[PDB]
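So the chains spell out like this:
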Amino acid sequence: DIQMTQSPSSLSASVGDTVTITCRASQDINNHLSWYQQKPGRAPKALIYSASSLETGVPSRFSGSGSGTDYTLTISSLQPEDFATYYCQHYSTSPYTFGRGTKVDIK
Amino acid sequence: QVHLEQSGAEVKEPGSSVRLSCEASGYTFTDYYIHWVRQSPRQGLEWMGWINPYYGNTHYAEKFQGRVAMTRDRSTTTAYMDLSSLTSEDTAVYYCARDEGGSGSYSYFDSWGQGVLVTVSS
Amino acid sequence: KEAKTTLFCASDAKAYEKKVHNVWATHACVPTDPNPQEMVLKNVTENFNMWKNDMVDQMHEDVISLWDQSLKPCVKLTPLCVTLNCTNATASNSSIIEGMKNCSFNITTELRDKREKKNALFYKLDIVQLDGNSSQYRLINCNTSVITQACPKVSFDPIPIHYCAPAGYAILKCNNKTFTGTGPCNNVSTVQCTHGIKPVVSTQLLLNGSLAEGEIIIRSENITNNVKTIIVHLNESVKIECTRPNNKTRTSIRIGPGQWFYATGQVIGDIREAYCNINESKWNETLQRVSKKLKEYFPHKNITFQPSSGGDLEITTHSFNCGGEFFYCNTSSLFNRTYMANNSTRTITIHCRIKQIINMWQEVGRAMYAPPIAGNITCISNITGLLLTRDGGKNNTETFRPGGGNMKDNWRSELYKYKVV
Ligand SMILES: *[C@@H]1O[C@H](CO)[C@@H](O)[C@H](O)[C@H]1NC(C)=O
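Chains as they are written, first to last, in the deposited numbering: chain J, 1 to 107; chain I, 1 to 52, 52A, 53 to 82, 82A to 82C, 83 to 100, 100A to 100E, 101 to 113; chain A, 46 to 147, 157 to 309, 312 to 321, 321A, 322 to 359, 361 to 398, 409 to 487.
None of these hints come from the bench; they were simulated from the model. Please note that the accuracy of each hint is not assured.
Covered stretches of chain A, going by a simulated chain I footprint (3 or more residues, C-beta under 8 Å) [as the list claims (entries may be wrong)]:
| no. | segment |
| --- | --- |
| 1 | 279–287 |
| 2 | 367–376 |
| 3 | 468–475 |
Each residue gets a CB set at the ideal place from its N, CA and C atoms; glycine is no exception.
Input sequences plus hints: build the corresponding full structure.
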């Protein structure tokens, strides 16, 4: 089985600044990784996949980076509808496993 | 313009089964795969399994082997899921998923449905 | 510059002397244009993508539409889906008592008698037990789609069909044979029409295919991604023989106005199921070479082969057709080998059940009945390609199983070379 950990569930943030979020894996997941943006009451949508390539309609605010067993996502000059939770999912092999999710909240 | 639609659900009894149906529109149904995921408080997003809609071959989870059953229907372009032998921890919302990279390298799934609550009580 | 367009179909100078217009349509008005010329060109390199190409859907749509429109002027079988009271009191063989012999129905026939007791022979997988007693049975296909008898005029063989681009368009098949069909290729042989592709339908295997360049190859999506459907081509063709040994009786039950429906009479000769033979030495060397070249794709851990899982009949069997009859062979023991990391003797045999009524395709649409034929039937062919599929576990063994899960994977093994510009 493949187990991940993330950053703690609360990240301090302000409107229009940078937000660094990361999650660590336990085995070799190569670059088979993706992220999802979970808003309550709504089914989430993929925003970044394979740590480099973005999906159409998703802007350039979400920059993914990293390799191996730890992966980072940088949010530069964020707008208020990125105040939701973020999950990271590996797709290396086997039955899949999800992260625990961290929310973005105003202090 | 791809869309997944699934309807509502009601309460069922423990030791029984439950019927879940999803339908697809926009893209040709026989060319990607259908995944099932589950959201609940106090748990993560546990993987259920995936189904080929063209053929009958499926793949399951070792935690949920034997308690789930899968069915494709290409006439109505629907995916049918049957959780059986309910347990009180399974009160959860359920989601369908359209995969990408059909018959190639399945990497990340993007198109999701509305998602439906199911609650078990005696 | 690449674009999206619709091609046409062509044929050779061979014409139907029996004049079966319906299947003659495959080459009824399609121009022979049998003048295939080759050219060579240089300074071309571009990321070819066989998975995301354009004309495989074109091939699939015209093959399925040809199969649908080949049966419209034929007879409709629809007034046969009625109650089947099948008794099986006698037994020439022990495996006949489950809904096969003297399966009788009350039919209103051509002579205006409402309740004639007319019986037929049917196959036990092709029939289903109705929700009640065991004395009544039902056809497994008329529950879902409308069944249609096949005429004698639609008797089919694989015609080596040819695709020709219209004016203002061109096609490019890259010369490099080693090309995996996913990436930058090299100097381009350019034609106006490709070599012949035969529209044969198959599962888990490629029969009457096209050979390789001198050694086997492994093609799919870029290894950077998690490849699943792997098409393997081979340089050593292996002969396969599949046969049924029983002469059959063909009877006529008139159900349409002025036309005929053909059903199965009694079995003549000693009765066995269908059986196929594979040479053991060529099969073992073939799997040895496939394992020893598939190792360099994944040079870290063990690889193994497993038979396919359940869900329906097509993925669990090797499904093909010969002589107008559909064959489902077990093939489970052919993929039980396991290997380690870091010329014809003792031939192997496999059982093979036969079928009459197929669900065919287009479930928004019709479905097929296949009429029976007499005499012992042998069908010999060459296998060329495999359609194995990859799964990975938490252990150090990468599993593979025959599959693919699409008919488009069958066409994509020979149509990978070509795109339109
Ligand atoms: C093939 O034969 C094996 C032998 O026991 C059997 O387990 C398997 O179910 C068979 N598969 C089919 C599709 O008949």
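Taking the hints in turn, this is what the structure says about them:
Coverage of a stretch by a chain is defined here by at least three residues with a beta carbon nearer than 8 Å to that chain's beta carbons; for the segment 279–287 of chain A and chain I the count is 5, and the condition holds. Counting residues of the segment 367–376 of chain A whose beta carbon lies closer than 8 Å to any beta carbon of chain I gives 4, which reaches the threshold of three, so the coverage claim holds. Beta-carbon proximity to chain I at under 8 Å applies to 6 residues in the segment 468–475 of chain A; the threshold of 3 is reached and the given coverage holds.
Every hint, counting from the list given before, is met by this structure.
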